[PDB]
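The form deposited in one PDB entry is given below as one chain in structure tokens.
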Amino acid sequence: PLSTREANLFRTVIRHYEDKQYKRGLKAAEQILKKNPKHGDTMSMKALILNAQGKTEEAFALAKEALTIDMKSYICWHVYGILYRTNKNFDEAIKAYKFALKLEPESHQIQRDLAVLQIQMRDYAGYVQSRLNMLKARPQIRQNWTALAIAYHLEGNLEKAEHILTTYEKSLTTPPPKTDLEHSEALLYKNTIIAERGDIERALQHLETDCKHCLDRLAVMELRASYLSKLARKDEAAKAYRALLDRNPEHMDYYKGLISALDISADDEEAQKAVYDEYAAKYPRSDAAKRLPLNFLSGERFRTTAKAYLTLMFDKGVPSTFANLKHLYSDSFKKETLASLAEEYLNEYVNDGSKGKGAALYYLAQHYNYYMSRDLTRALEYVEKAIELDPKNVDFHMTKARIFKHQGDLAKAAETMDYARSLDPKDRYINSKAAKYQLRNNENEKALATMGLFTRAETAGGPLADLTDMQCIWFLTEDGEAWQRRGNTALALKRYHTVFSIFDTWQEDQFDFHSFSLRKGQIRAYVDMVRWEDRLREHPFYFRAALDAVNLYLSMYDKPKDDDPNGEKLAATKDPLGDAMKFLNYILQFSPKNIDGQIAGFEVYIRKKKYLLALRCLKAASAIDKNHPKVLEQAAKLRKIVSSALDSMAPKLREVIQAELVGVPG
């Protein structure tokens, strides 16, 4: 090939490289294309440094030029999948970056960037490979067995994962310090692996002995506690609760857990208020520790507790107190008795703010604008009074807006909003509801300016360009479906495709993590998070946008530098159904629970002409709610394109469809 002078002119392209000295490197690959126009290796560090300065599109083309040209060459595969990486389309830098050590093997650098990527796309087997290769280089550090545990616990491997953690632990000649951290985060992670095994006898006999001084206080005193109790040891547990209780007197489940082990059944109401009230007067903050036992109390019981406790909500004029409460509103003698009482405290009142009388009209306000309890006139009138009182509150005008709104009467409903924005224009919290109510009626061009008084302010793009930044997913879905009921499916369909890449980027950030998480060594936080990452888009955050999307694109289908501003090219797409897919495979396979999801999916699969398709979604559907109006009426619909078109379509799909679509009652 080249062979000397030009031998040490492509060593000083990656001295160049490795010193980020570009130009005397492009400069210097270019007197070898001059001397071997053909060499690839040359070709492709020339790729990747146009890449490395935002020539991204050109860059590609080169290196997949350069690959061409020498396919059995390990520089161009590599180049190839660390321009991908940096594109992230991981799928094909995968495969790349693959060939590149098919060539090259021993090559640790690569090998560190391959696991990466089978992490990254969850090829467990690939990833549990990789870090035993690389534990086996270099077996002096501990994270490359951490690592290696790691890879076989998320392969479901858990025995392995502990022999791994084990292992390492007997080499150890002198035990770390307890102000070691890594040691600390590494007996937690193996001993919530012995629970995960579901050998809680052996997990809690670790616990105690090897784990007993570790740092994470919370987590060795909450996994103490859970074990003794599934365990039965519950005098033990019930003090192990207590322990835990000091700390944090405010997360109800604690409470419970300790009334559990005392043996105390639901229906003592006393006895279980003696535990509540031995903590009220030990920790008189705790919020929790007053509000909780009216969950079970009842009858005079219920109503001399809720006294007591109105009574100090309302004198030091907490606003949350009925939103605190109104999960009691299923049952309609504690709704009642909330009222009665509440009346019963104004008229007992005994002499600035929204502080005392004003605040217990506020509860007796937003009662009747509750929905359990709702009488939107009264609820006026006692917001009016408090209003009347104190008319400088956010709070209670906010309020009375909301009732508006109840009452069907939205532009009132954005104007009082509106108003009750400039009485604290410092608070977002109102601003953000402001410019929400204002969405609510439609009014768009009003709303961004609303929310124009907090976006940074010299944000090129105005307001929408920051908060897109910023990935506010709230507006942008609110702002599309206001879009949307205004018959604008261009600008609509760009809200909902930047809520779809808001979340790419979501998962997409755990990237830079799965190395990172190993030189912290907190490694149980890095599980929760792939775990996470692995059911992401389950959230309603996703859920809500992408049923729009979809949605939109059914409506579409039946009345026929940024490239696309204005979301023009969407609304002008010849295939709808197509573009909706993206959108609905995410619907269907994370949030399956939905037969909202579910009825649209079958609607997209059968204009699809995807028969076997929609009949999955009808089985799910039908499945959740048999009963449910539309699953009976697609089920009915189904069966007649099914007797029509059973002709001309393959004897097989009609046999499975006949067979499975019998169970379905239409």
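Numbering follows the first chain given and starts at 1. Under this definition, the rigid core comprises the largest set of C-alpha atoms superposing within 1.5 Å between the forms. What changes on going to the form deposited in another entry:
Compared between the two forms on the core, the listed residues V631, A29, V604, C617 keep their C-alpha shifts below 2 Å, save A29.
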Second form
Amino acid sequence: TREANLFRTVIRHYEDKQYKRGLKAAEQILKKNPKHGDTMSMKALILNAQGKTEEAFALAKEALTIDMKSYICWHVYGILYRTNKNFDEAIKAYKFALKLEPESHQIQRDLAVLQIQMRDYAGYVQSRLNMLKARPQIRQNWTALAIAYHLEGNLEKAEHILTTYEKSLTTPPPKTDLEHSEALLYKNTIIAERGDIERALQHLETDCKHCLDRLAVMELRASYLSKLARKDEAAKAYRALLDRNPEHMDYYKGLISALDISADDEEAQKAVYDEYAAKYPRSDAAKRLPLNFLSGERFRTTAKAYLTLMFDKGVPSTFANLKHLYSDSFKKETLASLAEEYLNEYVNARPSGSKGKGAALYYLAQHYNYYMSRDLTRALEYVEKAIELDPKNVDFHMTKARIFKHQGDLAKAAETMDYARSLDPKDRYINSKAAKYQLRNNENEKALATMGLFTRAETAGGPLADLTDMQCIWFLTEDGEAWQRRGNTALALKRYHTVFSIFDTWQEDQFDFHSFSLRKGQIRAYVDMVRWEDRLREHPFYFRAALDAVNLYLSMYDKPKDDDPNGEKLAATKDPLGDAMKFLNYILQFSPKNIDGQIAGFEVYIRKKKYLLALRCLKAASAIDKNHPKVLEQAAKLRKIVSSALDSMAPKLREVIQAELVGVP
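Alt. form deposited in another entry, vs. the form deposited in one PDB entry above:
The following holds one chain only.
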């Protein structure tokens, strides 16, 4: 009974972060009752709460051996696991704790979160059904169970749960209730995902008419009407959206389709665009878009009038806004001719200022720097004439550096970009460009000092630490590739590993929001996030650094509180191909349509002596580009190995290999 109260003072000392006051207390129980499981677990927590991670796990694990039916021991075990980011082992332990103590709202709460975090859908459904049973007066718990069903693929049941709630309402909520408004739209999206566009439009107009998310109602209405081939009405709907946001390409597409105007009819299309250009004089879209389908003289005429506006305004981003048209040779040559034409026609505005002339010369500089119309010599001439006219122009010098880059003079390119930077020291974009160019010239330490001009000053670990903290993947990747080029395998790997960890964080970032989104009621955004997260590492931001790592480990294989800050332990690996697997697995699983990944996978697996996976990569890469030189080489390289080591492989493997190899060489 004194130990009974002493056990309580161990929890009190724990919840007050008084480790010593709690340990010394627990040790007094364990000297009298040394196989008291609940106490051992409580001690395991405090150990873990002070770095004793390995020791805490040994102890917690010992504790639940002694008392296998204690919900505290299992709860603790889970907490440790969840802390060490092993959510899967956490789930197993939370689940059993809850079977031992089903009354625990905390255990059920935390498990449910873990389950959706690991996309244990069936588990999450059961959890929410339970939570809803326990607290059905609270709307969040109904919505949550609908979400679990929805993410599980059970759309019919998710709609049922949503409608069941609505049917309990005695009084219609006021249109100011954002939770109710969001709940109506979420149900609406669910009806459409079930494929019932007829019913979703009906539900939209009947129940969703006054929802607060105005753009959503407007976009859903147009989308449904168009799919139902209700063209007059869809026309009116796309007009509503255009009036709201004259700058959104798809609204014009929608309108134009709804009017039944054929893509061949250039003049009939421009009328629609001219109409909104008149109505909305500041819309760039309403002037620029018609240059996509306009052609011949109609194009030249419209293009001249657009260019005159931009050049007169002195806009330096004119080329960037138009280069998408350069796929058409005619529009390419015509745009250059018009610029030259404007240049010749130019007179100094504001004589009693010359921005128009700078803007045309700058357009021409970029035209001839662009790979689709490249003439680096002429580009140089044009930028120099521009810089004569405007010597302090950052963008002028920036383009100049880029021409040098294309000429192959990386040194000159970094010197010039840095000069450009020095002209606007307050602007981070040009600072970032200069650093990049310096890394492209393999000047890492210089590039890092440039970035130091914008990283928080008294950060510990210098600029690199701040940039790491702020998850700056472009710089980390560039820095790595540069270090690799200099032969510094250690820092190269360290960088690639850092980008890998940033992606682990992004995956873990969604964790607090499984609960938080239920409090906000903004449910469609939540489901958007989840679905994006399910494909997280397909992003080229992951792929680039990851393909670098895999290539560098391949190279290393052929060429035999923060620990390891310079990645020296990384470089000193005895198993590089083993170290490459965590990078490669994501590559092949999330970016299978990417041949570079498949080619790299092949190289890794033949070396690993895993010829079946090698073939799988090869068959993928070949399905993407039959006659790619590398897939042809690897195809031929594989066949030699197969004929060689086939006596050593199992007969079933031998069979599958030879059979699926003949398919496509």
